[PDB]
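Student: Given chain C, put chain A with the ligands in place with the hints provided.
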Amino acid sequence: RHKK
Amino acid sequence: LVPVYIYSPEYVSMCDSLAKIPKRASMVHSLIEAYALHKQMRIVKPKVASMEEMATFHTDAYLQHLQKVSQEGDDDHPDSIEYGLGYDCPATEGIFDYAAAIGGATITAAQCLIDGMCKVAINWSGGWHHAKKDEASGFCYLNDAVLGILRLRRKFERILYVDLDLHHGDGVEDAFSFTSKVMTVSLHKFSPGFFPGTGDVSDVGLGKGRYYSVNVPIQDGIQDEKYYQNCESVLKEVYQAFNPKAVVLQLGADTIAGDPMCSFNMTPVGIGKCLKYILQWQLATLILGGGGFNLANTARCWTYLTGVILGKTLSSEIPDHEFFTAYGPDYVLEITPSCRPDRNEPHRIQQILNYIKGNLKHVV
Ligand SMILES: *Nc1ccc2c(C)cc(=O)oc2c1
Ligand SMILES: [K+]
Ligand SMILES: [K+]
Ligand SMILES: [Zn+2]
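Order-wise, the sequence lines are chains C and A.
Taking the authors' numbering, I'd label the letters of the first sequence as residues 502 to 505.
Taking the authors' numbering, I'd label the letters of the second sequence as residues 14 to 377.
Isolated chain C, as found in the complex:
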């Protein structure tokens, strides 16, 4: 999971 990445942060946008």
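Hints were generated in silico from the structure; no laboratory data involved.
Careful, some of the hints might be misleading.
List time: in silico DSS-like cross-link candidates among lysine-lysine, alpha-carbon distance up to 27 angstroms [claimed, not checked]:
#: 1; chain 1: A; residue 1: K36; chain 2: C; residue 2: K504
#: 2; chain 1: A; residue 1: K146; chain 2: C; residue 2: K504
#: 3; chain 1: A; residue 1: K194; chain 2: A; residue 2: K249
#: 4; chain 1: C; residue 1: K505; chain 2: A; residue 2: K36
#: 5; chain 1: A; residue 1: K286; chain 2: A; residue 2: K239
#: 6; chain 1: A; residue 1: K289; chain 2: A; residue 2: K194
#: 7; chain 1: C; residue 1: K504; chain 2: A; residue 2: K81
#: 8; chain 1: C; residue 1: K505; chain 2: A; residue 2: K33
#: 9; chain 1: A; residue 1: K168; chain 2: A; residue 2: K289
#: 10; chain 1: A; residue 1: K81; chain 2: C; residue 2: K505
#: 11; chain 1: A; residue 1: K33; chain 2: C; residue 2: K504
#: 12; chain 1: C; residue 1: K505; chain 2: A; residue 2: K146
#: 13; chain 1: A; residue 1: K239; chain 2: C; residue 2: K505
#: 14; chain 1: A; residue 1: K33; chain 2: A; residue 2: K146
Tutor: Same frame as chain C, now just chain A with the ligands:
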């Protein structure tokens, strides 16, 4: 033969409520209206997506959780983290109504294309391509793009999805990863640590849908000419091999110079050329927005692109309107690229292109 323009004052007000892009929908519409382009299009009021329509892609468990935290505004629900709600996708009050409005708007545009009312249908407030069936992601709560494609499947046997957003269209790709009825093509920044982190050229889909997913990894600083020539070559091979009957085009403006994300270095003209190449196919085409975090620039881009669809040359000077003061200090439609290098090596670009050509040979 006149393009459809999805709009209603209630719809724009709804889209204005997004925390990540406040008032952007109004700015986009007002600039289009200021250029009097809405008079050259068929304005269609969008309907709200029903639970069942949304359930064509999203799970009931997710939709019910989304609706639950929406009515409350509960940003502290113990289940929200696993459902993708958090920093990127906060549980804003009425967020379910917002997402249902956007989904329905794209479905409405798709229905207009099915009914033969138009050849081009436009929903600039749509294009939320990160959302998965049971998870919000990257400012996307509901994947209106997928919903639109599923609606188009009623009439069109093969659908081509083209994603020119800065980020990888992972949600749309994942939705159709196992099918050959829909081909996804995403041009995006691909670099470790950059959202969403997926979409390498080696990603081609799974099972029966193998080779029916196309990814074009791109580095920082790419400008109009290199981007278009790279986009044209890929789309040319894709069109030959896949032979689509309908096109869904995501045009996120976060690739445009001036965007705070400061990755690509595009102008709306470069994107316009990609758009013109697709329109040349003369297929039923659903136009979506997406990213874009320099609001005035995003309005500049999508207004210019609207003119491209209408085949009109817009005045260089921004006409007076509600948000005129936000267009300083030059107050012109054109956008100037930044003075930073293009990190894309020409040999790597050709290398990626040849890899894609190799993959598309399996598409028969
Ligand atoms: N993913 C992402 C990146 C940057 C952000 C800022 C600067 C503000 C915000 O509210 O959310 C962001 C999300
Ligand atoms: K993209
Ligand atoms: K696919
Ligand atoms: Zn984006």
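Student: It remains to establish, for every hint, whether it holds in the given structure.
Tutor: Okay, the hints, checked on the actual structure:
no.	hint	in the structure
1	A:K36 <-> C:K504	23 angstroms, holds
2	A:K146 <-> C:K504	19 angstroms, holds
3	A:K194 <-> A:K249	19 angstroms, holds
4	C:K505 <-> A:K36	20 angstroms, holds
5	A:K286 <-> A:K239	12 angstroms, holds
6	A:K289 <-> A:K194	24 angstroms, holds
7	C:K504 <-> A:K81	24 angstroms, holds
8	C:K505 <-> A:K33	11 angstroms, holds
9	A:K168 <-> A:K289	24 angstroms, holds
10	A:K81 <-> C:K505	24 angstroms, holds
11	A:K33 <-> C:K504	13 angstroms, holds
12	C:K505 <-> A:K146	19 angstroms, holds
13	A:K239 <-> C:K505	26 angstroms, holds
14	A:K33 <-> A:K146	21 angstroms, holds
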